[PDB]
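Quick heads-up: it's one chain on its own, the form deposited without its partner chain, in structure tokens.
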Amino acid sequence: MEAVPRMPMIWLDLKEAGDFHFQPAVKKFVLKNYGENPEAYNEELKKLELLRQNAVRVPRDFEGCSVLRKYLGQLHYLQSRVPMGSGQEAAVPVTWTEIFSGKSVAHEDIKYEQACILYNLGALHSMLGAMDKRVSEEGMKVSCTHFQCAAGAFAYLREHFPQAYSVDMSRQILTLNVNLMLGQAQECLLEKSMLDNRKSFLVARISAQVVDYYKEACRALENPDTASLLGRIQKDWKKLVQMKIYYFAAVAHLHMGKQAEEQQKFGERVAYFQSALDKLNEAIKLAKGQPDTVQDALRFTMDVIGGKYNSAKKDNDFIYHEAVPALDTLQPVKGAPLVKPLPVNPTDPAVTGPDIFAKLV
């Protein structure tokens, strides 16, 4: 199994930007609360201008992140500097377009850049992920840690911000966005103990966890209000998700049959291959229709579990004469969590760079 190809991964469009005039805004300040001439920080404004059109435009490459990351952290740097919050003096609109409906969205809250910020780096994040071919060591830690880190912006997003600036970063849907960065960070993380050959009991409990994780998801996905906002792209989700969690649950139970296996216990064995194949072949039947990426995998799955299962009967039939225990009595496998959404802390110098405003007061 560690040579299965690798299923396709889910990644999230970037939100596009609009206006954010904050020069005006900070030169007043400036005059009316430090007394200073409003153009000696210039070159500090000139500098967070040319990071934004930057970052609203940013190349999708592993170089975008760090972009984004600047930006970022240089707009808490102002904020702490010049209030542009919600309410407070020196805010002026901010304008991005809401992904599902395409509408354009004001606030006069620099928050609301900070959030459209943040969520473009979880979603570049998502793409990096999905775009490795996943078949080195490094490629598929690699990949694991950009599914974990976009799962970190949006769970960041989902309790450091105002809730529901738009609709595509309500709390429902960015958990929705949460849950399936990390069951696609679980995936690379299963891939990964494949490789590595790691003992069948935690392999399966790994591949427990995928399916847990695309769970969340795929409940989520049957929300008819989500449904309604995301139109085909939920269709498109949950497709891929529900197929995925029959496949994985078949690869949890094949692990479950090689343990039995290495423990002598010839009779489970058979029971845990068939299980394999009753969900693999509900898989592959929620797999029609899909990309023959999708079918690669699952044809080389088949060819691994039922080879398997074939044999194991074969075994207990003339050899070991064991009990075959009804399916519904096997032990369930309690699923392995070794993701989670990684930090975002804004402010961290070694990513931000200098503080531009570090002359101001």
Contents of the next structure:
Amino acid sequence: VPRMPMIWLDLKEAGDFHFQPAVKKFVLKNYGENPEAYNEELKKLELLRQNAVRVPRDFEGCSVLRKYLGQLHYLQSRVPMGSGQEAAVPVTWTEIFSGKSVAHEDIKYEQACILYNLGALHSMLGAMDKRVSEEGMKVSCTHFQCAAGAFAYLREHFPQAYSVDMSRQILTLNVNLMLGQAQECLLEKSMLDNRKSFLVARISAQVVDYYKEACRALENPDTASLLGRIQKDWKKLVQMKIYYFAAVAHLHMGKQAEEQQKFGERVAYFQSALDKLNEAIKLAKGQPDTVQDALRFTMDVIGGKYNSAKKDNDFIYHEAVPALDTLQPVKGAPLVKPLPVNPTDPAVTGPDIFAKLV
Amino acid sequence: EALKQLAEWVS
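Instead of the form deposited without its partner chain shown above, give the structure for the form solved in complex with its partner chain, please.
Entire complex below, previous chain first.
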């Protein structure tokens, strides 16, 4: 089946973070040393920052953002630059939806934006691949789970939002959207393997559940005014995907009834899948050719399998076609997660830049 | 059967 396009998030634009004067001033008082013994280490971290905030849009930009995020934790453990702390300096980033600069004298604000950009870059890497190879499907699934993990970590360990693009209602939308796209990649994988029809139906039902939570978030008035046109572009794709994968789920439920020799049940599920897919086609008006190619392929599957099932039942089996309400819905199978973020993993961080400052 | 294969696949 042709693959649907994916949503990705833009990275935030960074401003100034003059940590050099503050760090040199704190080592002189508190640690009692000459600040100019740390010129080479302050240059290391600034170079690290300029490369983290002007990060290349590939797989290793993630290891650069991770390294800088971990070294920020190292620095804060040795120099107090948090909110209200002795050596805090202004941290400036641009809020994504307004384009306005927001400043906080808190190093945890810098970590929040770096972590936000980690998840956003993962969402770009997940959405860039064509997912034609099983290996491309696996990297997209991991990327979306990593994006969900960064936004989830950001929503828990920074419970007060430094800017509205990182509030908990927006972050929850981001996690639910990234988990739906991760689950969607796994749905592609389970269908390429030719797994059992019931299992595929459970996986596809979970894709619907994630996108329904993202849709409910996008229908909240607070979210729509902040995202602007973005809310209208995302939801048009999400609403259509809700019905598309609802059709995919019932198509595989009808294939299970076929294996169960319930041919009256099989017509009912195929009829439901075709109705939901026709709804997806109607909601997909104006969508790019990637979306339409996927819907045209799926209709060839569902359309022919519905006609053949009704023909077999009307002429061979004569089994009662149940209404859709009388048969139990498909329970989703959540197999994807926000994958955890360890900021201070020494393997991704390398040595502590300021290890000498004791 | 298959879910133990896909659970490792997802990570």
